[PDB]
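To begin, one chain is listed below as structure tokens, in the form deposited in one PDB entry.
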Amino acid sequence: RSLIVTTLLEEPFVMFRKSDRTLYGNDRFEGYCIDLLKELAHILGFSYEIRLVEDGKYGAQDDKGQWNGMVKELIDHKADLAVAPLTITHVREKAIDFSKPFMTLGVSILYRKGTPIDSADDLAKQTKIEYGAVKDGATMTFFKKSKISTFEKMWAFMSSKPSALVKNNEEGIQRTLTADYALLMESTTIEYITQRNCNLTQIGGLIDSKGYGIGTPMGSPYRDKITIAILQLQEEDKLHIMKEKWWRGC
């Protein structure tokens, strides 16, 4: 049977490809994670149907501990694979399985160009420049859970001021372009955006380190096969090639 792949529109990972007509099925999509999926389907010899996650979320918990997003789709066995920039986290590992990472990254800062700012520290110890993160994203959770001084402080700011947190990267990137606002997000998106928007830039370096993995329901037989396939793609340099294909723009 074809595998059900849950995913989520997110540049440059998964996008509707441009067309004069209306496309349907898998042919609708293009992007880094679509190329990854094609590589995985070939190596492992499965067929698949792409389905965008209904609630358009990656996956977070509520106060009662219930999951939404692609994480939930896997938990309920409504999808066999999550092929997306799904950040590997301690908490998510308790609910689903991940392949080994296919991409490594970290939290960093998106901000308009040309300022005294050079680091998170510069950002926390001042007040003129607002800053925030996507609400309930892996990046926000990092600041919430942190015990580091400068990040407990930043979490204090972004959690008190109820305009600091944005609904998604799209809105957050809007804010950096219209207001005096710095977005806390993942370095993969920042590199993509700053290659295409020469008025934006990354502030400082990576403040943590993490990876993206293919999500499967806990105990899936495919997890280990996907890990083997990712290792093969690494050996063949195809993750390098795929990244340069979809990260290119100053």
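Superpose the two forms; the largest set of C-alphas matching within 1.5 Å is the rigid core. Residue numbers count along the first chain shown, from 1. Compared with the form deposited in another entry:
The residue among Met154, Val107, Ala79, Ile96 whose Cα moves by 2 angstroms or more between the two forms, once the core is superposed, is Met154.
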The other form holds:
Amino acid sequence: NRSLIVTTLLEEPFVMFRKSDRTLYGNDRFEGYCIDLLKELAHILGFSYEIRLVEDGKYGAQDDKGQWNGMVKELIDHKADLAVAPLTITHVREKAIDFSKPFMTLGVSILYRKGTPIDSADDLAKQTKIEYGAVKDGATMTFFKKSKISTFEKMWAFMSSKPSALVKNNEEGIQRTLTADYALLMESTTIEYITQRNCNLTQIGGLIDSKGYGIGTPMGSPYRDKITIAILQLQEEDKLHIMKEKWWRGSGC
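Please supply the corresponding structure for the form deposited in another entry (the preceding block corresponds to the form deposited in one PDB entry).
Below: the lone chain, stripped of partners and molecules.
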């Protein structure tokens, strides 16, 4: 019964440190949507596991020499059996790792202060006053870096140049939108979570694309297909809807 190593990262409301009056340790430290999903997978498949936060705190992207970092790298180097996180399924990633079928669908959109004229990526790309960016070495950054749409190449040209447009993680980005004249390009279900809690913030425009989160495994993993089946089972039983309603609030706004 060897324990599977699960790689992940802190990201509200998917993976969080649970509140306690003493120092917690091991798996007991964590709670959130992806923790509940992991618990379901472990139950259905019958495995035990050890959660390990990815050291560099990244989701994963390729450098110019094609080397990966983040959770994707942990899977490639067979340091982890599974990545259980809001890990975006993308063509470039499917070349290096395997994914389950998606457990949640989302798309790229914009987080910004309420009360302004702007209503689309178009408006940001036109102007230089309002700064904008995305999480460094995640799928949204890669989306822009790869885009052939004029508006998005324009936006990448910006993000790529401005030293601090690319933020370390979502939290740093959300604080930037509250602290400065800055809009964050961010995945839509996280926006949904934030705007039900911070009434100062809103989504700008709609979804720029449509994609999904999946459980990541190393290529050739003998678990990936069973995990797909389990996700399809949870879906059929309405369990992912229940899990989302559990973690998305709360009250406000």
